[PDB]
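Trainee: As a plain string of letters, each chain reads:
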Amino acid sequence: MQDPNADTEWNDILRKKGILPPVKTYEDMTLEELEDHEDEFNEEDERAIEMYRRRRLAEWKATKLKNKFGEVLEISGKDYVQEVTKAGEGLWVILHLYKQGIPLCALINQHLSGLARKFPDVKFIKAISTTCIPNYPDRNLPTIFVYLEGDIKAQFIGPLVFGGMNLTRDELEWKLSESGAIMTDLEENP
Amino acid sequence: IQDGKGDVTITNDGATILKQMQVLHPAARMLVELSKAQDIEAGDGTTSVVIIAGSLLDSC
Amino acid sequence: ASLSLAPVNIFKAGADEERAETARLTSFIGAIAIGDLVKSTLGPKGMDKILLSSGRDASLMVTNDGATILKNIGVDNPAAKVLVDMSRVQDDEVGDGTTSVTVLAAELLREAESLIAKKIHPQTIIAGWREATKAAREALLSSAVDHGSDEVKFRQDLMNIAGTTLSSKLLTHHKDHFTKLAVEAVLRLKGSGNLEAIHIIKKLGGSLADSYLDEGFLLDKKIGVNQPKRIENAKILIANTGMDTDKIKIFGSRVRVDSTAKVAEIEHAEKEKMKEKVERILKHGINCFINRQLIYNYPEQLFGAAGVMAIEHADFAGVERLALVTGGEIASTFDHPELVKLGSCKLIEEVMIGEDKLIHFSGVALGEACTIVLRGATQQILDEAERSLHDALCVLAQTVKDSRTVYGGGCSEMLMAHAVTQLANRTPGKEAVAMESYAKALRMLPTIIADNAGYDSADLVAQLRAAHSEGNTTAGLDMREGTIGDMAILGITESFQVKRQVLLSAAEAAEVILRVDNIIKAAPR
Amino acid sequence: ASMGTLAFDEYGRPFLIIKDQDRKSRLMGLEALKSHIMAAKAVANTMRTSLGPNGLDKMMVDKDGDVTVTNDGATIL
Amino acid sequence: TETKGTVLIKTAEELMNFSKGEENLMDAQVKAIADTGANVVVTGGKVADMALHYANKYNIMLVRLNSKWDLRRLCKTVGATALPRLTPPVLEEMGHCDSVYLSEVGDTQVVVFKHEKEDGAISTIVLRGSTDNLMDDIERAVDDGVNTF
Amino acid sequence: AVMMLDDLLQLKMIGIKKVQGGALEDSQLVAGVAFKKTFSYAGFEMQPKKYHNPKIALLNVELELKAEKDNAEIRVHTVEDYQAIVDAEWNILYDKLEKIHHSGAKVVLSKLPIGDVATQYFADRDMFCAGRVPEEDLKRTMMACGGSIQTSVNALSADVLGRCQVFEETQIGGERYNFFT
Amino acid sequence: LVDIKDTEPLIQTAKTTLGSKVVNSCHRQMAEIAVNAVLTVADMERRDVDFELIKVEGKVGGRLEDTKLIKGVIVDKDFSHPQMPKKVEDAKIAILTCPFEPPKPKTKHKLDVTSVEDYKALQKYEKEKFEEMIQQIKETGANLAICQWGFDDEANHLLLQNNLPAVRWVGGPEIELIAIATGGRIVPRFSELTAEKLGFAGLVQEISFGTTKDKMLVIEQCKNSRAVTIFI
Amino acid sequence: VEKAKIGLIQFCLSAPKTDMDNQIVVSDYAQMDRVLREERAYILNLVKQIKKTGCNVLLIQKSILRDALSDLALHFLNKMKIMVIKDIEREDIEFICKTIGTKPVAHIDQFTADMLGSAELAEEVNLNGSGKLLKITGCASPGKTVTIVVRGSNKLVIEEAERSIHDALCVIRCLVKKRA
Ligand SMILES: Nc1ncnc2c1ncn2[C@@H]1O[C@H](COP(=O)(O)OP(=O)(O)O)[C@@H](O)[C@H]1O
Ligand SMILES: [Mg+2]
Ligand SMILES: [Mg+2]
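Residue numbers (the entry's author numbering), protein chains in the order written: chain A, 1 to 22, 45 to 212; chain Y, 61 to 120; chain R, 2 to 526; chain D, 2 to 78; chain W, 251 to 399; chain Z, 182 to 362; chain E, 156 to 387; chain C, 241 to 420.
Certain hints may be false.
Quick list of simulated restraints, FRET-style, between CB atoms [as the list claims (entries may be wrong)]:
#, chain 1, residue 1, chain 2, residue 2, range
1, D, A2, E, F206, 44 to 52 Å
2, A, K140, C, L276, 23 to 31 Å
3, E, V157, Z, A336, 44 to 52 Å
Derived from the structure by calculation, the hints contain no laboratory data.
We put the CB at the ideal spot given by N, CA and C, even for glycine.
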């Protein structure tokens with residue numbers, strides 16, 4: 001404007017004319055957290071806490087039912103179609119295509135061995151690329167495929183895109199949770 | 061030469077100067093490769109080779 | 002009515018339907034654009050193009066190879082895509098003729114545009130073009146000559162063909178040098194056509210004349226640490242074994258014990274297994290061991306203590322080339338040494354090239370594999386030199402397979418055009434006119450060859466046409482002085498395979514592009 | 002012509018019968034037949050030039066730009 | 251098992267015999283049920299393919315009620331007891347009906363447990379009607395009449 | 182059509198296939214059953230495609246090498262036991278196949294998959310096999326041919342096998358269809 | 156007449172069909188092979204013609220005139236080892252859907268190693284499995300093997316050593332076509348392999364395509380192949 | 241370390257671990273104690289087989305799979321009075337061996353005195369509060385290898401010092417070939 005817009009009455013008249021536009047609750051606390059206090063909760067709260075505790079117990083028992091395998095296993099190419107393309111309905115599958123030769127592949131396999139026990143709900147498999155794919159290129163490993171209902175959800179391919187030899191058991195976990203497979207509780211730190 | 065990042069380079073080497081300053085022109089990139097070849101084959105003379113090339117072309 | 006210019010549009014948002022004249026318009030302009038792009042690279046005095054890619058890397062290439070140029074361009078015209086694929090297929094079939102076929106197809110389509118303007122159906126045109134293709138095939142086949150019987154004359158034809166292929170390329174500076182290289186490189190295959198056997202190492206630095214074809218073989222891999230560095234009268238085991246934390250393929254197998262002592266015993270057993278493997282290897286009586294896969298620290302130590310040079314990580318291609326050059330057998334089991342053939346070379350040393358060390362196998366046994374070291378001042382020079390060498394080697398392999406040769410310099414095109422002209426003047430109707438246009442395109446090939454040098458293309462092609470009408474079936478362009486000459490004497494000969502494929506693929510693509518009267522595009526993704 | 006039911010009630014109260022009746026279209030009677038016939042005539046007149054030995058081809062380009070040259074009516078359509 | 255079950259095989263014989271043992275067990279269970287005289291079984295949970303196979307073999311009509319209230323009301327209707335085990339029922343735990351059949355009321359398929367006596371613990375009113383809204387209104391009227399009773 | 186249904190006149194007992202191509206008068210009714218070919222494996226073309234009085238085994242059985250159970254874990258400490266376990270899986274499958282073969286059934290239909298091993302087995306015995314058959318088509322095959330659907334192959338009597346005067350696999354307008362007539 | 160002795164009315168029909176297409180440049184050459192194809196694969200009692208028995212393969216290169224009918228099969232593979240021979244005449248073929256690898260149960264299995272003797276037993280078990288597979292393939296008399304699921308270094312080298320050219324990673328449909336054409340039966344395991352389950356092919360060849368590095372496998376000269384391929 | 245015998249090992253000094261998936265299954269407290277006891281015994285036997293050769297400086301290659309140096313192994317090596325330097329990189333191995341004359345040992349069985357390198361001193365010298373260097377001074381059978389330590393007051397003059405020295409070396413190289 002002609003003058004600097006500040007705490008003055010002139011700008012205000014201009015504006016009026018039309019110029020110069022102007045712990046929360048037991049609902050979230052887990053099984054461990056619920057035990058932590060127990061006494062804190064008032065009995066009137068404890069009545070609905072009984073229902074929420076039964077709900078959390080039911081959910082935990084459901085997850086127990088869902089944790090079928092919890093360990094890394096190796097499939098040959100021949101049965102690949104049954105193990106990956108026709109895995110459990112809605113079951114997240116992570117396939118590590120690797121050769122024992124490449125050390126980065128062994129590092130990724132160790133990290134997957136840890137994550138398998140950490141994530142017993144997700145299916146973790148590993149396979150020799152030459153034995154899964156006819157003539158899989160040598161310089162194209164490790165290959166981390168993320169599958170759901172037979173459909174590829176993600177593909178971290180390459181000895182460079184995967185995240186370098188400094189790859190701890192954390193950044194790989196985040197990369198696998200990128201497609202929402204393992205569902206970790208953190209962010210990409212490194 | 062302050063590259064895309066905060067990496068600084070004070071240099072008198074022709075190969076280093078050329079490969080540190082992205083040139084964005086096919087002939088200039090060829091001159092970068094020329095300085096690289098001189099650095100490989102000889103190791104010093106990487107400015108002289110580039111100057112000779114530029115001079116031969118200015119003569120052409 | 003019409004599909005698009007109808008009161009109701011029948012298409013999804015983003016589609017379109019070019020009709021008769023508009024379809025031929027887009028087709029002809031696109032094909033002729035492709036052709037005018039790839040010409041000026043044609044012939045000895047052809048000039049290169051820059052392939053300044055716009056990607057995040059901005060790759061840079063300098064090429065005279067029509068196939069590469071067309072592959073590396075963003076085409077959106079469908080007819081242009083047809084010509085591009087045609088040049089790719091030419092490059093796959095043989096290694097030369099991608100620019101000659103592209104230019105020929107483009108000129109045929111230019112003449113077809115002219116004929117359609119004359120109010121001729123492109124069926125009469127395609128019919129006449131098929132008749133002309135027949136006549137041209139017979140004229141080519143009749144002019145072809147075979148010299149594979151006479152060994153010396155065959156060597157001369159091979160040298161001449163390699164020279165003619167490299168003439169158009171950046172290697173014409175040192176043509177003779179590279180000609181010899183290419184010939185030797187194709188003769189070291191001993192009849193085989195495996196071009197994967199010919200390895201080309203591009204080492205930056207040095208002049209282009211510093212390039213050579215190694216009498217032995219070179220490998221860009223490493224020797225182990227405590228292992229020898231020089232070996233005379235080398236006995237070689239080429240292998241594809243594990244030697245890398247080698248695990249028994251039973252995958253359910255797991256070590257499950259109750260004492261770390263047993264874990265240590267089993268670890269010792271693993272190490273003893275690897276040692277026994279190395280001992281089985283050494284029972285072959287070897288001094289050099291080449292493994293396709295890695296070689297971990299313990300087998301490295303064992304081979305070093307045994308005095309064996311263990312070259313590791315050689316790839317499938319590396320081990321195949323080593324088997325071809327030394328005579329060995331790629332092995333993965335060593336329980337029957339009497340059946341495993343070893344490789345032999347008089348010497349395995351380490352050599353310096355530029356700033357990198359390489360394993361040098363000299364005095365090799367078979368030699369049916371090669372290594373050519375290409376030196377150059379720029380990576381672009383090296384890439385173009387390798388591409389040109391690939392061209393020359395592909396053509397020489399195709400000739401060793403089929404020793405039929407046909408003279409170049411426009412002699413072949415002019416001869417085919419003469420046959421088409423005879424057919425045309427003896428044929429009644431507008432098919433004669435389409436035959437005449439076929440002949441004009443054939444003539445327009447040497448015309449362009451001459452233009453690219455700066456000579457009187459019209460004068461020279463007129464002289465050539467008059468000569469080939471007179472009966473001098475060997476008249477062609479002499480591009481040193483810019484005259485007409487005898488291709489038989491000057492050594493300007495091409496592979497009959499290459500020229501026939503050029504003709505047929507060009508005529509075929511022009512036919513398929515001419516049959517189009519409607520282009521129905523779909524909504525781009 | 003289109004836009005299905007358009008009355009908006011005689012009294013003045015809203016008349017909403019079909020979901021998105023305002024965004025929806027409708028063609029009724031002989032004009033619908035004529036539209037059908039024009040569409041079919043366009044398709045047929047496109048195809049009739051690819052009929053017989055002297056029939057010409059069509060060059061189809063897909064979403065990602067791949068080219069298919071053909072005379073087969075099924076492949077074209 | 252409620253805790254967790256793993257079939258721990260250590261011999262080819264156990265592997266060869268496990269599935270045969272499973273089916274033989276299922277056959278035994280369903281044959282004990284059929285030999286108690288039961289011709290109709292009503293399960294509140296899921297049905298297995300082998301158990302269904304053997305129910306068909308021994309001519310038993312299988313009905314699956316997803317809801318638990320439906321199961322309780324059926325028990326009240328027929329005079330039965332919901333068994334938490336797959337053990338054959340005792341003479342008291344069994345229920346009886348003059349008829350149990352599959353019928354098609356209109357487009358709808360229905361399973362009917364029908365007594366002939368003009369009594370019972372539960373009675374059903376099958377409302378026919380040309381509109382879901384009409385039938386809901388008539389159901390409200392029925393509720394009014396029943397609450398009046 | 183409706184004069185063949187028994188007493189409930191079930192619509193699920195009348196099959197209606199739609200095979201694109203052909204004229205309305207080319208449509209037809211089959212006093213029997215017909216259904217489309219179902220994802221055959223290798224060896225299905227080695228099988229025969231016409232039978233003149235076949236006996237038909239209708240099954241709810243997965244015929245392929247599979248984990249004996251999903252919660253099953255084998256534990257061995259000997260390579261002889263390893264070999265025995267491999268051969269045991271194979272004998273389990275081959276025993277199923279041998280029972281199916283000795284029932285006299287020349288046609289085999291499974292509501293569940295039939296693997297490549299079983300496909301080739303039946304092809305070698307000159308039998309026909311079709312897996313992943315839909316439940317409704319299986320029930321129609323049952324009500325037409327006159328057998329029962331078996332989840333176990335251990336009692337395959339002629340009482341539970343089905344029978345028709347002709348079985349064929351023919352082409353119907355680009356599709357392949359199996360006809361029990 | 157739809158007989159195989161007078162194919163002229165059928166070549167005329169096929170030529171009429173192909174008159175309107177770009178391949179009329181080799182008009183009769185194309186029509187003839189279409190006729191022969193349908194005549195090779197057909198229950199000619201006015202019965203059906205299953206087109207799955209006709210493999211229509213195309214490879215850029217060459218000329219339209221090179222398009223031909225192979226009374227057999229073409230595969231997009233080559234021999235597993237680069238030093239195996241590229242031609243096999245009077246080839247006895249063992250068709251296998253078992254990867255030439257140590258056996259593995261489909262059920263979740265854990266083989267426990269508890270001693271150095273267990274480790275050495277495992278080691279020799281692996282060795283002997285590889286040798287026993289190759290010996291079983293040799294004892295049937297086969298001169299060529301065709302697997303569907305690929306194999307490993309030990310098996311590949313043992314095949315080479317025992318003069319057993321072999322193809323791996325052949326697809327289920329191609330495995331089926333090879334079986335149908337050669338008269339062989341598809342075998343799921345080596346123990347079930349016999350000299351009667353083998354197919355016979357009068358020629359198995361590896362074919363190149365110029366400057367490509369791409370190889371194809373042709374199986375032909377079978378006796379009465381009920382399968383066929385049209386190579387374009 | 242004076243009169244230094246140096247050994248470069250490519251194996252790991254930590255609890256046993258097979259190339260396969262190994263486990264130690266405990267079902268009695270006796271096994272629980274025996275596990276730690278036998279682990280200590282394994283590690284101690286390793287460090288004893290190293291000490292017995294007279295080695296007092298120990299370079300250990302880098303291992304990313306399993307721990308190349310357990311704290312127990314470090315304790316034992318310290319009590320044996322052996323300087324230990326881990327995290328040696330797999331690319332410096334040929335260089336280190338060419339410099340000192342050591343031979344890389346990948347299996348404890350072959351860790352003999354004949355696989356060591358005799359240097360006249362091996363020290364860790366401080367660079368006046370600007371880091372530390374592990375310098376080995378003197379070497380019997382000295383190799384065709386040399387190291388240049390480049391100091392400087394800023395990373396830019398250091399980088400150009402390195403480049404300038406490289407230019408001088410490449411000049412002398414241009415002189416060794418084509419002696420003109
Ligand atoms: N000395 C020469 N005199 C006349 N013509 C030549 C001579 N050398 C090469 N040629 C011609 O130059 C052409 C080179 O073509 P080239 O660029 O390789 O075409 P393309 O890329 O299509 O293979 C050949 O067609 C050949 O006829
Ligand atoms: Mg050329
Ligand atoms: Mg037609």
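Trainee: Work down the list of hints and note, for each, if the structure agrees.
Mentor: Taking the hints in turn, this is what the structure says about them:
1. Look at D/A2 against E/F206: about 49 Å separates their beta carbons, and that is inside 44 to 52 Å.
2. For the pair A/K140 and C/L276, the beta carbons lie near 26 Å from each other, so the given range of 23 to 31 Å is met.
3. For the pair E/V157 and Z/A336, the supplied restraint of 44 to 52 Å holds, since their beta-carbon distance comes to about 48 Å.
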